[PDB]
Each structure stands twice: as C-alpha cells, then as structure tokens.
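Let's start with one chain on its own, the form solved without the named molecule, as structure tokens.
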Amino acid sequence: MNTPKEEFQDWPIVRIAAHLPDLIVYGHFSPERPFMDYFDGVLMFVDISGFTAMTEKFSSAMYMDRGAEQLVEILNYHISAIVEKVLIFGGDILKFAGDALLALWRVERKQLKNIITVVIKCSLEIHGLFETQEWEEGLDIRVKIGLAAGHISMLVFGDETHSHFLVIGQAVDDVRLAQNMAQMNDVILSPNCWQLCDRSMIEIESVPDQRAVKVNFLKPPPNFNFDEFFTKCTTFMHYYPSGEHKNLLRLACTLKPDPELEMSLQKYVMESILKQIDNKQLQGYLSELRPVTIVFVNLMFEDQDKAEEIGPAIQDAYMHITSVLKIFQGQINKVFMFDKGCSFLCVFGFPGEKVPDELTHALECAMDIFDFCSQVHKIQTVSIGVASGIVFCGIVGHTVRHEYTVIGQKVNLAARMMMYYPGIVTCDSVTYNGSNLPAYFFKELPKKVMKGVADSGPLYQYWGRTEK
C-alpha cells in the first residue's frame, strides 16, 4: 500500500493555539476563577518600542492608504525573527504587551543556573539579528533585553466565556526593571538572576546605583560546547519539539482537534479573531489604522506581587470591567503587570465594534470602572487614562505565535497618563473636545513631562457629572 505524507495540519484548534503560550495550551487548569499557580523560571523581556515606534511614519501620506498593511508586514518580518530565536532556544512567548515581547523558560529550581546560560546566549543572538540593520534614515531598528529568574506566579481570571492570564511576582517586577536600565543592544540581568547565574560563563559590568548587572560578553570555559550543553538542558524542557517533530517551531503546531480543549482555549481569543480562524472573515481584515478610544486602567495593590490577595481583587475588577465594556462593545486587549500594578488595556471602536458617541461613553465607562474598583477589597489606587486617535490594530508576531495587538502614540499616552496622574480618570484633548459633555465635568490639568510622549497636548481630569 501507498504511504502518502500527512496533511499540513491547520485545524482551528492549531490556529487558536498560535495566539497562546504553552503555559496555557498545555496548562490543563481548574475551571475556578481566579486560578493561581506557582513555579520557577527565567524571564526575558525584549523591548520592541523601537519597532512599534514605526506607527507614526506609516500614518504618512507617502504610504498611500496602505500604511497598516505595510506596517504589519515590516513589524512581522522583524518580530518573526525574534520569535523564531526564542522558540529555537526553547522559550515560551507569553505575551506581546507594553511594546515588548515577554518570554518564559519554566524549569525546576535546580536547573535555573543552566537555563540562564541558554537565555543569555539567546539574548545575544537576538541582538546579533539587528547588528547590520537600518531604515534609510535611522539605524534604531535595535532592541533592549532584560532578564530575571526566580519564583513566578501565574493568575488566570475571567468568566464563563472569556479568560485572561497574567504572570505576577518579584521576577516579573525585576524583568521590567532590568529592561528599563538597558540601553539599545544591552542584556541586563536582574539582581536575583545575577546571583543564580553561572558566573564562569559571563563577563559583567556594574550598573550605577543598582544591584542589576550588564552582560558584556558570554565567554565560556575552554571545553565548553553550547550545542552539547543545550542538548543537556533540553531534558528539562517539557515541550521542546523533538524526534518526528524536531522540524516544527512548536509542539502546538501538532495539536489535534479536541472540543473540550478548544472550548477552553478560545476563551482567551477575541471573537473577531475566531471569525478569521474559522475562515468567516478575510485574513487581512483586522490589519488597520483605525480611530479608537483607549481606556487604560491601572490597579495598584499594597501587596504588590502576592497572588493570593491580588488575584481575587483582579477577578472582582475584571467582572465589573467586562460588564461595563459589554454595553458598548469595548474589549480588553491586554492585561499585564507594570511597576507591580495590574493594567487593563481597554479599546472602544475595534473592527465591527464601532458604537456612536464613543467618547462620552468611554468617559462614562472609565468613571464607572474607577468608582467600582476603588471599592474592591485590596485595591489601593485606581488610575485610568483615556486617549483617542488613530492606532494600528493587527495580528503581530510569527505565523506559529502571534497576538492581536494595538500600537500607537495614543496607546502610549493613555498608559503614561494613568501612571503620571494616579488616582484619577484623565483624558486627552481629542476626548475632551469630541465628548461635547459640559466643560465643568472636567478639570484642565498641569502639564507633566512623561517619558515616551512628546507632546501630549492639554490634558484633563474627568471629574464627573457632579461637584461631589
């Protein structure tokens, strides 16, 4: 009998799993919300703000109304190269959030030392991709890398139709702190990463006023062979593609239909992505330069990285947020930690989600969220930034690992406003002027220089309907 080759496997379940890390795809978690798990690992934070900063040049008339298509193409070309490096070195891309790619090597505590070596090599090879790189004006197609190691907590929250996950804890805080110290082309190690690493592998430089360190070179001992070392490390990598499947970038490329698993996984993916996955919408429909309102919600906790107390509080906040956004087809695009606060990136006006009077609705939704979350047990401070304008939306990443992402000056502005004007609902001039709500519902704010934004325009506090 003939032996014809297996079909290229591109079942819906495989297409869904492209949008999710192995942490979720193979997690088999309890249905309970919140769900908390605890493990150890090495985190890599790749700052791709240098790539995402391209949204401005692609809004130019030079791109002839194909700005979004051109942007997604060049962003994915460069980001795919980073993704392939992380996956080949055995990492799990957790999230494309906060103009960064966050990757995880989950390993038993005893193996952290050897895995840091693998992750440092990976980090240097990432930098090596962009060594002879430019874009005919600026050479700043480069990245910054922060690494951390240690205890990691995972939170899964949501309801019966939607699920979100977050990683929590000191190593999560550390990796963001480490990447923030990095200059372009740097690999910075968190204090605990430096303490846990194989110091015989690396030459470091002190970081002024910091216990974090900078990797100058990976200079291994004489009898060292990275390939044999890597092979030894794969013993501890549960999902590294191997044997029959060593030619695939992810084990998840081999996932077979399984309705109970697909029911679980689809809850992490928004419905317009699932429409595309089901071949019920054109594959290019979600790549667009679209006017939206960003409502960026930051929740601060006293117990800044203790999953047992912050997990219920986030789930409580989520249940209210989701109820508020449902009314106006608002979506939660991303949730992630920033300086130990939990941030919800909410978007009004996604494709096919429109709704007229988007601005006044966005403000009223923000105030509703503000008032409710301020009374949630263990939430110390709520801050909300509201900014409106043209943003890039689209699926960013590699074919085998990508996520729907919103990028733009107005996303960064709403994020910076919630940090620089804590404890209040703030909005930009577009939102203030467009809302047509009476002027005394707002307070014109002092101008703050916010790192990443120049120049914000007049900013306002949404005070609300009454003097209160």
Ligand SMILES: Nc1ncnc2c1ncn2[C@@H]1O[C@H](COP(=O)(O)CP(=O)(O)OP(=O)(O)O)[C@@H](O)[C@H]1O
Given for the second form:
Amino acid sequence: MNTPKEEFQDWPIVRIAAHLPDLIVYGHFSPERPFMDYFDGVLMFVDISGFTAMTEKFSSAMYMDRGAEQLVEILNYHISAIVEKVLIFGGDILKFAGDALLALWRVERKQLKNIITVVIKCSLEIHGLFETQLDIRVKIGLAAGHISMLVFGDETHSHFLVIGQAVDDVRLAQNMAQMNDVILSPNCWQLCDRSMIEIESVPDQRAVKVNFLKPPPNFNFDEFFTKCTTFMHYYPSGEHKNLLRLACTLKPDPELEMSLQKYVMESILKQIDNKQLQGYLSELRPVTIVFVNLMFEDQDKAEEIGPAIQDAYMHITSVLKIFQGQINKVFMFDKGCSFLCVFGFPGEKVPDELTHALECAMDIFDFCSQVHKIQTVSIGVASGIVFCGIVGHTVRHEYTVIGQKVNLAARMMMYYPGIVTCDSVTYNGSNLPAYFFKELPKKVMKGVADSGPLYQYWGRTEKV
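The structure above corresponds to the form solved without the named molecule; please give the structure of the form deposited with the named molecule bound next.
Shown next is a single chain and nothing more.
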C-alpha cells in the first residue's frame, strides 16, 4: 500500500489563527465578558522607525500608483524576518501596531530569569538585522513580571489586551531607546542574570541599555535554549519541528473557529474565505483616524479597569456602527486604554466621513466621561492618506494602519488631554460651522512631522 505525501491543508481555521497569538488560539477561556486572566512573562516591544516617512514617500509619482504594493512588500520582507526570529526563539507575537509589534514569553515565575536571557539574545539578533542593509531603525523595549489579560466584547466580536506594570514598562523602555537600542525595564534588569548581561545605565533612568551578552566559560546557548523549551507549551517539536507555529497544524473544529473568528474583521474573513481578491486589502487610502484614550486611577488593576473597558467598548462599537467606523486595535498606551478607530476602511467609504468622525468622537467622549472609573477621556482626530493592509509573516500577521496621520491622532490625544481634538484637514473638510471648534495653541510634539493648525471640537452647543 502506498503512503502518499499529505499536502499541507490551509483550512480556514488555520488562516484565521495566523491573525491571533497562541494566547488566544490555545486559550479556551470563558465566553463571559469581561474575562480576566493573570500570569507572568517577558515582553518584547519591537518598534521600527522610518516607515511612516516611507509611507508618505510611496504616495509620490515615482511609485507609479503601486505605492501600496511596494510598501507592503518592503515592510513585510523586513517584519517577516523579525517575526521569524521571535517565533524561532519561542515567543508569541501578541499584536501588531503599525510598524511595531509586541511579543510575549509566558512562563512560570521561576523561569523568568533564564527566559530573559533567551529574549535578550533574540533582541540582539533582531537589532542585528538593522545593522546590515533604506532609512529604518529599530528600538526594542523589554519588560518582565506580572501580566494580566483582559478579553472584552460582545456576542459577535472579541478583543483582548494585556495590562499591568510590565506592559507599561515595556512601552516606557522602548520610548527611551536611542535608535537601535535594546532597553530593559528596571524590573527586567533586577530579575535578569546579571553575570551574563553587560549593560550601560540610562540618564535619569533606572531602566538600562544592553551592550552585549558575556556568556560564562561553560555556557552553550543551544543547550540552554533546549532546557528553556521544557517550559514552552507550544514550541514546535518532534514531527513538527520544521514548522514556525503549532497553529499551522490546527484542524477544523467549528466551535473553536466560531470563537476565533470573532477577533478578526469581516473584510479579512472575506479574503480568507476567497470571496475577495487579495490585492484589495493593501491600500493607501484617505481615512480619518479617531484615537480614543481612556485614563483610569490605576491602569495596572485589571479587575477595576476591565468592567469599564467593556462598558466603553459596548458604547463605542454601537456609535461606530451608526457613524460607519471601525475599531482597528485596542491596547494599553501608558496611562490608559486606547482604541484606534478608523473611518473609511474597505467597504465603509461614505461621504461626510469627516463630520461623522467628529460627531462619533463627541458621543464617545460624552458617554465615556461618565463610565465609572474612567478618570479622563481624550480623543484625537486626524485625516489623510494612510497605509491599510496585512503586516507580518504568512504564519502570523494582522491588518493594521501606518501613517503620519495615525501618529498625529495618537500624539494629539496625549498632548491635549481631556478634550476632543482635530487636525486641519478634518476641520476644513467637515460639514460643520466654524464656532463648533476652537483653534488651539500649537504644541511641539514627539515623532509628528508637522501638525498644521489643530482645533478642539467644542461641539454644537456653547459652553463659553
């Protein structure tokens, strides 16, 4: 009898699981919302510099209207390589955010110290890719300690995010990095194996910069790594050691698929289901970004903030429905929970996009300001040409947005807290009377090329 080769079957459930971390794929938690889980781990936050400027340049005539295609190609060529190293080193990519990503090594507390060495070795290999071969740099922040996960949503949509000091720290660490630095959180530094890791300290900072690894005499990284894999639940092994992810072996299971699909946008499921040409989700399109930020008294306290995020989510999704927008991503962004919402994504191109974005934003502002435990709401609104597309590796990728206007909306919400703000394109393009707005003082902002005048959306009735 023959034993013929079994071709890989790229079932729908496998295509879905490319868009999710192992944390969700193999999580099996309750469908109650909010749901909270607690664990320890090491986080790596990898941030590429230079793609929003490249994004702007790929709209230029030299690209002959293949800018989106060229952009995604050159982005994924680079990001794929970084995704592979994370996976090969045993990490779980949690989420892509534009030209950045967040990765997790979830381990028992006794194993943190050793796992930190693994993650540093990985981060230095990723740093390496950028010291070779046009205009892009990488900042890496590392953190370790207690992590909480929140799952929130409704009967058709699910979102997760991670919370706690390690989460805050990893972003803090990454923000300090000079171009091409690997920075460890103070807690990471405290738990790491200091006899191996040569650091230099950082100005007015307890966080530290990694110079190099200095293995002891008998040290063998492959044997060490192998010991560490004992603690790695899903590391591909044995018959599957040739795969980047165990998720590549998932088999059809309608219950699991129903649960996983709730995390993925409808337009992406259409493509997975071969109901739309692939070409069409990579685009440079004019959209409006609505970047919502919710601040709490204590943003590390999941059982306090979880209900409030769920509450906020329920209202947000309902008004976005009305005003025709979508939630692209939710994540903790030092100080708060941020929702990155988009008007004008595939299918939801309306006229009066701008007006709607503003009225939606005001509605969210009003409602969220009264949700218990939400200290402060801030919302930034910006409009322009943004890259929208699937970023990552074939085995692990997500739909995301990259552009100067995304950055602008995020920086507005931080530099102008407690109000709804908008850019000049949104202001000028809105249907709305000029006295619905206030012209704002100009602020020098980080990592935003130029704002042009900014405004507060004061809203329809007077407040003085």
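Under this definition, the rigid core comprises the largest set of C-alpha atoms superposing within 1.5 Å between the forms. Only residues modelled in both forms are compared. Numbering follows the first chain given and starts at 1.
Comparing C-alpha positions between these two forms after a rigid core fit, one residue in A53, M36, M419, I424 moves 2 angstroms or more. It is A53. For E205, the displacement of the CA atom between these two forms, after superposition on the rigid core, amounts to 0.8 Å.
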